[PDB]
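Participant: Dock chain B with the ligands against the given chain A, drawing on the hints supplied.
So the chains spell out like this:
Protein chains: 2
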Amino acid sequence: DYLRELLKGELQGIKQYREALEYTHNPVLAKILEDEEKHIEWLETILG
Amino acid sequence: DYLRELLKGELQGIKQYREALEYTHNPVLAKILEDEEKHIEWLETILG
Ligand SMILES: [Zn+2]
Ligand SMILES: [Zn+2]
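Chains as they are written, first to last, in the authors' numbering: chain A, 1 to 48; chain B, 1 to 48.
Any given hint could be a false lead.
A pair holds if it fits inside one copy or across any two, identical chains being indistinguishable in the list.
[To be verified] Think about it this way: if two alpha-carbon atoms lie no more than 27 Å apart in a straight line, the pair counts; the simulated DSSO-like pairs of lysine-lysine are: (1) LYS38 with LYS8; (2) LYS31 with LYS8; (3) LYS15 with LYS38; (4) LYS15 with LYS31.
No lab work stands behind these hints, which were simulated from the structure alone.
In isolation and in its complexed conformation, chain A is listed as follows:
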């Protein structure tokens, strides 16, 4: 069950990071959420 508990939680971060560039205007979010966008599918691609 742990994989689904993992996968549900990274999705909770992708949508919040896309808001934060309005207040930070930084290139850091163009690395952080750029990784979180791949990460969910990166865990999943392994399963089969």
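Facilitator: Frame of chain A; chain B with the ligands shown alone:
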């Protein structure tokens, strides 16, 4: 307050990923958890 909400729970992934490789045995967690280890200090560094 959004920054506190962003920061606190990336470690609710980092420690979980470190255990999950004992079941998965895959190099992808050495890209997922490799990046979550940066992600917290990445968004924390900007406020200085
Ligand atoms: Zn991630
Ligand atoms: Zn993260």
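Participant: For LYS31 and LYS8, with the copy left unspecified, which applies at a CA distance of at most 27 Å: within, between, both, or neither?
Facilitator: both (20 Å within a copy, 18 Å between copies)
Participant: Should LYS38 paired with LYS8 be assigned to within, between, both, or neither, using CA atoms and 27 Å as the limit?
Facilitator: both (13 Å within a copy, 21 Å between copies)
Participant: Please sort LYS15 with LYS38 into within, between, both or neither, judging by C-alpha distance up to 27 Å.
Facilitator: both (13 Å within a copy, 19 Å between copies)
Participant: At most 27 Å between C-alpha atoms: does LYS15 with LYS31 qualify within a copy, between copies, both, or neither?
Facilitator: both (14 Å within a copy, 20 Å between copies)
The structure agrees with every numbered hint stated previously.
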